[PDB]
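Construct the complete structure from the given sequences, taking the supplied hints into account.
Single-letter residue listing:
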Amino acid sequence: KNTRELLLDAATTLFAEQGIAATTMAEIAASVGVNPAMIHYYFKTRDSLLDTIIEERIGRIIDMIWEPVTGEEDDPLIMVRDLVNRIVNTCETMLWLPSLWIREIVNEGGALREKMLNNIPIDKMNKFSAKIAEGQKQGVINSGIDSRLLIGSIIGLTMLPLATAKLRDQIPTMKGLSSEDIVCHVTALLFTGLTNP
Amino acid sequence: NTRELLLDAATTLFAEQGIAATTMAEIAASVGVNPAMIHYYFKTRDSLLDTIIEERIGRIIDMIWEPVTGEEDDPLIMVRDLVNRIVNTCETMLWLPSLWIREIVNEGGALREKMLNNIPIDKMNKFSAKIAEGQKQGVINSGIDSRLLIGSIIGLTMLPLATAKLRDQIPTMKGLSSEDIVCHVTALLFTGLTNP
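Chains as they are written, first to last, in the entry's author numbering: chain A, 8 to 204; chain B, 9 to 204.
Simulated from the structure, these hints should not be mistaken for laboratory data.
Ideal Cβ placement from N, Cα and C applies to all residues, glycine included.
Some hints could be false.
Stated by the list, open to error - Facing chain A, from chain B, some residues (calculated, C-beta under 10 angstroms):
1) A28
2) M32
3) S106
4) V113
5) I129
6) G146
7) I158
8) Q177
9) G183
10) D188
11) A195
12) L196
13) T199
14) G200
15) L201
16) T202
Claimed, not checked - Listed next, the stretches of chain A that the computed footprint assigns to chain B, with coverage defined by at least 3 CB atoms under 8 angstroms from CB atoms of chain B:
17) 18-29
18) 33-45
19) 110-118
20) 123-136
21) 141-148
22) 180-186
This is the structure we're talking about:
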């Protein structure tokens, strides 16, 4: 059926398992039993494939996480609760996303790092930072936290435990924690912190 | 000291372009030293990595977890001191957040396997026991996990410094200094987003 979509799904899977630099376009085609002549037909250069990953795979994942964000939310605490849920639910369905995030975005030698910068949802992130800062002015949100740095904090608290899941499964006094066991921890930490209510 | 100069050159080049891509001939040439000297101090490529784990990573890991005892009377002072020691170390040694993501967090890392046999399991168990003791007393939130908090603190402190170069290429995200990071993370870990 659709050869282009099959090879893009094969590209994201192989890049998440062993990295971009190590994976050749000949390997991606062979992994789905497709002739390497077809991968160069849909993607002229190696750079053209990465641009399609950023637009038709990464971009679609980034938009579905930040699109329900408006500037009219009446409760900032519901807005963050929903964002945390959408990040963990996306990573639980699309297992390639947390692994590809550390390897190619966070890493300084990542191939998708530079291309990512020109596809950041700056408009909806500014709306999130404005809504959470409005809550700080009203006194319903903690005055000590930073409205801009909170985006990074939420991403770090949700994405990193799933990316390091295989690593903690190897540490003796650390193994025995699920996707549900982690989301409870992040929600309890973001809302109440360490001081008991 | 040629040995120390080449070890500083090794950690810098591995943080900039990775281990797999960096040759021992490139490390020696980057400091104007003959490649005959790097094989003199480090017999194998594996010996160089073991020295990085013992004399560079290990020293950094020990100085962050050594002030942690089991006798802390206040668990929140213990977490704010830990946060301060992580950010202060990363601010002085810029290669640390970079080398952490590239070779231990990453599944294809060269230091990943060697790091497992140098984890401060004893002092981490003391941290998890002290924070769990606070949960029993009812002074610490019962909802959070004593073991997962270690990862949470590492994630809240290490990741913003690892993504600093990425943030710097964003206009609306530019300006946030290192002192701004430690204040946000402390206010988030202590009180969270809610107010009474």
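Going through the hints against the structure:
1. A28: Holds. Min distance 8 angstroms.
2. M32: 19 angstroms, violated
3. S106: 6 angstroms, holds
4. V113: 5 angstroms, holds
5. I129: Where the cut-off is 10 angstroms and the nearest Cβ of chain A is about 7 angstroms from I129 (chain B), the hint holds.
6. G146: 6 angstroms, holds
7. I158: Cβ of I158 (chain B) sits 9 angstroms from chain A, so the hint holds.
8. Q177: 5 angstroms, holds
9. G183: 9 angstroms, holds
10. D188: Holds: closest Cβ of chain A sits about 6 angstroms from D188 (chain B), inside 10 angstroms.
11. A195: With Cβ-Cβ at 3 angstroms, under 10 angstroms, it holds.
12. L196: 5 angstroms, holds
13. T199: 5 angstroms, holds
14. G200: With a minimum Cβ separation of about 4 angstroms from chain A (threshold 10 angstroms), the hint on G200 (chain B) holds.
15. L201: Hint on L201 (chain B): holds, closest Cβ of chain A at ~6 angstroms, below 10 angstroms.
16. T202: With Cβ-Cβ at 5 angstroms, under 10 angstroms, it holds.
17. 18-29: Since 3 is at least three, the answer is holds.
18. 33-45: violated (count 0)
19. 110-118: It holds: at least three residues are needed, and the stretch 110-118 of chain A offers 6 whose Cβ sits within less than 8 angstroms of chain B.
20. 123-136: Since three or more residues must qualify, the claim that chain B covers the stretch 123-136 of chain A holds, with 6 doing so at under 8 angstroms.
21. 141-148: holds (count 3)
22. 180-186: This one holds; 3 residues, not fewer than the three required, reach chain B with a Cβ under 8 angstroms.
Hint compliance for this structure: hints 2, 18 are not met, and every other hint is.
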